[PDB]
Amino acid sequence: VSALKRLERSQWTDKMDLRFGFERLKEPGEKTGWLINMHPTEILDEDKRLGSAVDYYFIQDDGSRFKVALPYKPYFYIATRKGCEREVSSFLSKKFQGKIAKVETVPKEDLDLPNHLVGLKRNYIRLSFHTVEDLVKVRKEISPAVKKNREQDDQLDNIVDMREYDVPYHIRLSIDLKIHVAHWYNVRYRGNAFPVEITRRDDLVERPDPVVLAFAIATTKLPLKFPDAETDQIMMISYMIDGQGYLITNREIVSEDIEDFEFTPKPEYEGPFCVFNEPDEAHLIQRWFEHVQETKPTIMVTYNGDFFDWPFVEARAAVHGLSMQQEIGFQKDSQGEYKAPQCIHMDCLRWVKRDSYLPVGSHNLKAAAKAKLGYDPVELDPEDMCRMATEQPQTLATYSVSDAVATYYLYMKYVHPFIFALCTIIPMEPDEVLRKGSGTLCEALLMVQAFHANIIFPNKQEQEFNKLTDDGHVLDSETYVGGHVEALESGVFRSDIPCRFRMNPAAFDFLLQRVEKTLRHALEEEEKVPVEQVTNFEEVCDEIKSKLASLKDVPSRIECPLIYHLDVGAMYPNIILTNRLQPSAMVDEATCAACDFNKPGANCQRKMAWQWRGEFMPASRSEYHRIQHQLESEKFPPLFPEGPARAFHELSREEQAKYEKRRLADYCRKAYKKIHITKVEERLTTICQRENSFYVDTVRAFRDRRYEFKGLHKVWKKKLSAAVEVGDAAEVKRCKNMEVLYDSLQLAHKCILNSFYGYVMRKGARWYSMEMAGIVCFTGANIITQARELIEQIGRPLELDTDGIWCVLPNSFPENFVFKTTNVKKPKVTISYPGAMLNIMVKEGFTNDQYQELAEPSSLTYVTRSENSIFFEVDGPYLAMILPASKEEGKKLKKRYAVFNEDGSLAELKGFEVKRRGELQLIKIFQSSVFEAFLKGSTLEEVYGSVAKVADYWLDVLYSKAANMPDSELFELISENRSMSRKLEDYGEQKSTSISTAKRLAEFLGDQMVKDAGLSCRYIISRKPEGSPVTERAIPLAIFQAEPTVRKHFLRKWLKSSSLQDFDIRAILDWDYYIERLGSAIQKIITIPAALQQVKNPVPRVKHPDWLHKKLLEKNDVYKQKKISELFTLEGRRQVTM
Amino acid sequence: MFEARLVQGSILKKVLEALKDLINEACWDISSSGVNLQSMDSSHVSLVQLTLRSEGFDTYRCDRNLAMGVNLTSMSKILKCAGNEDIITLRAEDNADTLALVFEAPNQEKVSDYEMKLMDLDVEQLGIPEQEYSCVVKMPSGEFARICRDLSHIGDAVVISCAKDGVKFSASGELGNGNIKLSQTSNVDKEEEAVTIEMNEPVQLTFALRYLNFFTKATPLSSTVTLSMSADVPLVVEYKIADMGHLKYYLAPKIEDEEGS
Amino acid sequence: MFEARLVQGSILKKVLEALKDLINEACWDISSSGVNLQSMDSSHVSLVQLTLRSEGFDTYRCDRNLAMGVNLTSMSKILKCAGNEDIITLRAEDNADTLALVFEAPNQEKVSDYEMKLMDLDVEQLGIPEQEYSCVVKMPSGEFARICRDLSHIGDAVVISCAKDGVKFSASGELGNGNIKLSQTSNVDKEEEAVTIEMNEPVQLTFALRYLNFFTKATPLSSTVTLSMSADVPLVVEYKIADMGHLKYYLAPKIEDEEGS
Amino acid sequence: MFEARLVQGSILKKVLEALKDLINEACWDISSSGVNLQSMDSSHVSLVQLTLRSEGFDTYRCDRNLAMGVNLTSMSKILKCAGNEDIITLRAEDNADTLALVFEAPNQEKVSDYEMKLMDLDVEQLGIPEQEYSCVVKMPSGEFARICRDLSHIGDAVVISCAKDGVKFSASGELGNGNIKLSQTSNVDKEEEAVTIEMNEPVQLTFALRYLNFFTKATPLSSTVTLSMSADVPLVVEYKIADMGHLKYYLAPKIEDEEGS
DNA sequence: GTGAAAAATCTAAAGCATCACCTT
DNA sequence: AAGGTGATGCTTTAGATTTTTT
Ligand code: SF4
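Quick note, the sequences are listed as chains A, B, C and D, same order. Under my numbering, think of the first position of the first sequence as 1, with each following residue one higher. Under my numbering, think of the first position of the second sequence as 10001, with each following residue one higher. Under my numbering, think of the first position of the third sequence as 20001, with each following residue one higher. Under my numbering, think of the first position of the fourth sequence as 30001, with each following residue one higher.
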């Protein structure tokens, strides 16, 4: 990019920010500010030298706003050999004359350095430039030349590692001088001769109300085709400033005039809209643009507008004598987004994508609106909305303003506080926490915390190629074996149903000698209350003995169970807190031997196991050396079309890796019948307990911060209830502001906490340690299998889902007990007993006695202590447990179940097909009906009978072929709604049903149907062209809305029946495949679990798999299986030699 | 050292291809009298027994009794390589972990000396004493093979009845039932194709039909078989192998228990 | 009651091999003139006619008109485990819901019985009028079967084109199209190898090729085949038997409507 | 143009049965000397050379050299239509992408035609050096095929040692191991089952068995197979296609470089 | 949005039973 | 003239891929 273009861009952005009312402070003075925006911008200094800076955009309480251009030189670090630090600086200071701002030495600790606690700091060479463009110039000059040197391993050759090179520059300013978003600042502008001064004002915390512009559109479209960007015109546009709403219509495509009207779904959201009507597009676009000019917003709000609304509006404006660049400031960038030079662009779909913890079944407007806001917006179909508006456009107006109000209030209630609480700790401007994934924001947070510890930061790791584990065996995938998820049984477990319980008296004898210990530990560690203040200890410690003895003498019973979700709220944060495991500390024996802290009988080692999984090629070292030496000097097609022939030795690593994988995908396809062999082995890791605590303490700090903020949220909620009972407006408003601030802070902290695990193993993450995830998930599996074996002793486990066990226990088991304590803080303390015994068993086997801490850094004082925060919270007695069973031999469904709360409401669905994507609508309303109808009944057979009286309805529908049920709702009853991931030419030779229907639409409509990503492929399978696979029968639903003779011609050329005379949907659809689909669903959910619980078959309309029925008839046969050993006498025992 | 050489070797091929199907693991046993097999199946439902006598072999040289638990599907797969008229020599050392098989081709030109390793396992050892068998019939092998392929398309439980009118093979199943009645021979001149009966009392028993399919893989081994049954005793299927020896398939019935009466 | 003694079993057995894939379940017709079947295809395209006359068999004994809804696949399984030279006795009852099969051997010592249940089935009956067909062509069974089962490698539908000079078995598809030409023979003595072309007018027709592959399953049952057609009528395929039975295939043509004009 | 007739159809189609699976792309080059195929699969370890001389064909006439870039898997689905003795006829034009196959019956009555299309391609033609062969063997196709499909069940990698006394085929794996020894025969009368080995120095190599399984699909084509090997030279499998042609498989051995020492 | 696991397809290969040929 | 034997279609099942839930 030419520097003249950069200067023109900088002066144009300065003028544009001036006309949006962010005037720059030029005079000396004090000001108060609240940062809402950071941008990187070139600002010319007093020396008339090209130089970057960051524009902060502050707003104030009264609505006045301004900007501050702070210059800070971009910089990074380079690593040199010991004794070769000053010479590198000497060389570097005579080879970029007029380019380097300065160079210096900033010593920092390392994370992977041996003998790191003796007192050494590997001093780095800090290099600082003037502008970001020169920074990119120098990195492209220097980084690959020595990066390849480091990968394969003149004074320039002695630099070993360019560190911290992928960081954004403005994020480095946000880390360095400690200016985060959404804090109050005191800014002193003392003139041009000195840089502007910024300080943090933490006394004031009340959040001001910014200026926000939400907007949504409607678009005219020709039928069956989504609207285009060169013939269509904006149908109308609606928008929102701070709750107030304005709509701008267009007369030539509306049918009558509409006046001002309001639309409120609930008293929380007020929807006052003022409507303006203009004859053509010119007045529409000019009025919208000038209203943006007069209002001067600071943050935009869209709803899936980054790929649909902004490109179409820009393309429509640029042809009508205008420009989005010179009018509003919106354009594409290097990442295919729309980033304003003076405004923050908020895409409310990204928050649903990342932070809402929702599946991908709820990203559209209606489901994401009803999932978080709490109301159902008006449904409108895009195909007939134009024709509907031509008759009367008031419902069109309702839909557009519903889009606007939904996206705006979805922002201001949930996305706005959560995002503005995320950026108080993450050094990102708001347009970065929303867009980037959970990995990058946690990376920046640890960036901050590790800059606070003065340690240099690891680079984003290089992707490993041609993986070599033991002997050849090039791995397609290298993985750690995750949480052991198992459903041990299947069927119903209801609270009042009787269940046969076998019980081991030895386990009850074991608990005889430990009730004293369990109820000692239940108060000495979980409530921090010593026993010297409670006096009811003998009452509980003979009541439990009496109850457990009453259970002991009859260890085989039939009575009602209690269902418990014995789990940990956040086990993955809790283990990484407890064991002091660090992704910068897991080391092998050689580096520990290099340490001078390897004293005899040391405690700085901690051992742990984990399970490693590999899917690898059957080929050996020779069979891969042959194909890599063979591919030496042969031509390949270039990536650029119409290019010259290019050879192997200058290929990029990605394309050559893909070609090697493709070659070995068919070399061994005809030599060993398989492409990868699944291998699971054991590995052992040794972990230092004295490495930088920048991670475990950070997790701990956020854990106790979440606890504290939850306590403040509770007391502020009680204050808010008292305040709304009072009715004084100012104190209610202040309390509500503080309440939402603290709630968003705690929700942001827990969203950080849950994703500390998920960041470590990510490709391109600075702290990439496979061992972290491996050993933490192995420990989380070992603790839960200890829990599962103890429960299998004293009851019945039902589910293990790598967070906790689900359990049915006898009803006379000791469940929970109270305690009268004389302490003023805790006059009464209640605690559950199964949780307590789980705590004591995990502090009999998981005590980190080597949990190490620092006391005196100067004298190297190290203190060992014991603490286990691993607690099995109980969720009380639920009402019902549902597990499904599989058709396949032996195995059954995992990670999917359905639990109910006490009052009959649905507590939690999980992993089921009711709310999946890519599933038919017949197998979802079915599941939702049968689960809510399931809980009825008296005994075990009554439940299955009652649920068969509702699951047989959806067989009566399909056998009758929907005669009385109107065909109007038939069309969406079957239609598939799967979504694509790539383009059709990206798939290449791969074939499936979605690719087939996309290619059918490719030869039915234009090629532009399938060019855009995320296409919603819709298809059903017909009946007449039998014999073929179901690939060629995937006809679209799109044809049924087209012109009739077009349907006839395409149907003739597609399903190949020229003699056909009837074209009804009721006969073209083969009902046998749909009956098969619903039957596989009903035998996943009901039939097989019913058979597995010795119950007569509830629904006889579907048949079992052959392994089930045969065994059933055998067990109900007059003859009984008689073996040979019990039948007839024995001889003895023997063994066989070598 | 244990070396056993036999001239016509299709017999040892077929007898052990009939051993692969029924059981997964067997207990090879060697002694002066002959080769013994007394290993049960993995389901602990049916039993196989082999006594391959030494006097039939062309050459036999054995040291003492020794038991080794060689798997059977592996020996059957490697033994399929041999031709239908090969000369078979089993060789085992005194304390080695590998046994060898020598196949000598009918052309007197091709030699094929293979070997396989051993593995250890834990299997019950059982001994069958002598009980009077009330009903014994002599069945041609191909006729019994058509019987087992004929009843098994009906169900999985077989009635093996022996009455004055003869022998009855029945089976019930989801598509109905099947009844096959056979009478003894009176005026036939040949023995390998005839059927003979002998009885003490009428016998009314039922057995597992799948395991009969597992049994009857030794049909072309020899054209005759002994079917023996009595009250509450395991069914005896005695397939004799030439002058070599014999095999007993022991099929434990699933005896009716008094529950509803 | 109903008794049906049939000496040569193949003329029943192979027939089931020609039906189990084409019609999964059908209604049977019997009479004193033999057995008549009008079976309708599963996918509702084709029809199959079987007329096995009474004196072509060995013995029948019937009282009145009976219709048995015997499912094809299970009775095909029952006959799958029989003998070729086996003599078969079919037994049926007026009111009972079972059908009996008796297998007996020329050696007199191999007799078996089977019982198969029946279920009620509703199949409509169509009366095809008798029309003078323009094209009647005679080919041997083997060449017609091979040409169908090897031209189905080309495409998915066939076009037959008959004139004075011969018939044209063309078929088009993704890999290309293939046409098959037949000449005339005058120096042949044995009637199976003899190919002749009978003309009334040149005829153009198009037919389902997959159905031609499914049609050529009764080719071991016969030795010669006659294909007949006329103007806009379904193809009729006849596998004439030696005065024991008679076979008809009705393949409704997929006529080309004028949609491009 | 190009019109070709060959009375012996089998000698063509079985040839292409050897090429249905191993290679899926064909680049025919035709000249006055005959027709030539030089293909090499995407595995980059297997080469096929197929030459049919002009004089072997019954009638041969060609105008100029042509390049025929047509996939080879397609017509293996197409040349199984013709019978055994059925005469093969090839029709090709100067620059038409359409090839015509005609199957002329030996009774001059049953003819046919199919048409095939070619694609575009860019395939490098690798030269074949003429080097001396250390060990050669002329040995029956049936016995080699039996050796291959018998050792394909034991292991997957084969050790072939062509010594002076004969040849050893060793197969090792998890199922066990086994080696088979063949020697040269001297007192043999007929040459369709005789063996003969020539020696310069003993060659022992390690090969692949699935490639050998794909090679020996054409065992009914010829009764003699010429295997030639040397030190780090690919196996040459030569089939003498009647008298006209030779099919040559070139297989690069899996030479294990020293890494463990 | 880790990893484990599910649903739903092609798909390619092993094993098997059945039929054509051939020799004893 | 019939049973061994090989070719070959039929049948079942592991598995390669995608989307999605967790
Ligand atoms: S655990 Fe001890 S020996 Fe190992 S790296 Fe840490 S301080 Fe050094």
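A couple of the hints might just be wrong.
Result set (BS3-like, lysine-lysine): computed pairs, CA atoms no more than 25 angstroms apart in a straight line [as the list claims (entries may be wrong)]:
(1) D:30080 <-> C:20168
(2) D:30138 <-> B:10110
(3) A:1120 <-> B:10080
(4) C:20110 <-> B:10240
(5) A:673 <-> D:30020
(6) B:10117 <-> D:30080
(7) A:670 <-> D:30190
(8) B:10181 <-> C:20077
(9) B:10080 <-> D:30217
(10) B:10254 <-> A:1120
(11) D:30168 <-> B:10013
(12) A:467 <-> D:30254
(13) B:10168 <-> C:20168
No wet-lab data here; the hints were simulated from the structure.
Verification of the hints:
no.: 1; hint: D:30080 <-> C:20168; in the structure: holds, 20 angstroms
no.: 2; hint: D:30138 <-> B:10110; in the structure: holds, 16 angstroms
no.: 3; hint: A:1120 <-> B:10080; in the structure: violated, 38 angstroms
no.: 4; hint: C:20110 <-> B:10240; in the structure: holds, 23 angstroms
no.: 5; hint: A:673 <-> D:30020; in the structure: holds, 18 angstroms
no.: 6; hint: B:10117 <-> D:30080; in the structure: violated, 46 angstroms
no.: 7; hint: A:670 <-> D:30190; in the structure: violated, 37 angstroms
no.: 8; hint: B:10181 <-> C:20077; in the structure: holds, 20 angstroms
no.: 9; hint: B:10080 <-> D:30217; in the structure: holds, 20 angstroms
no.: 10; hint: B:10254 <-> A:1120; in the structure: holds, 6 angstroms
no.: 11; hint: D:30168 <-> B:10013; in the structure: holds, 23 angstroms
no.: 12; hint: A:467 <-> D:30254; in the structure: holds, 22 angstroms
no.: 13; hint: B:10168 <-> C:20168; in the structure: violated, 58 angstroms
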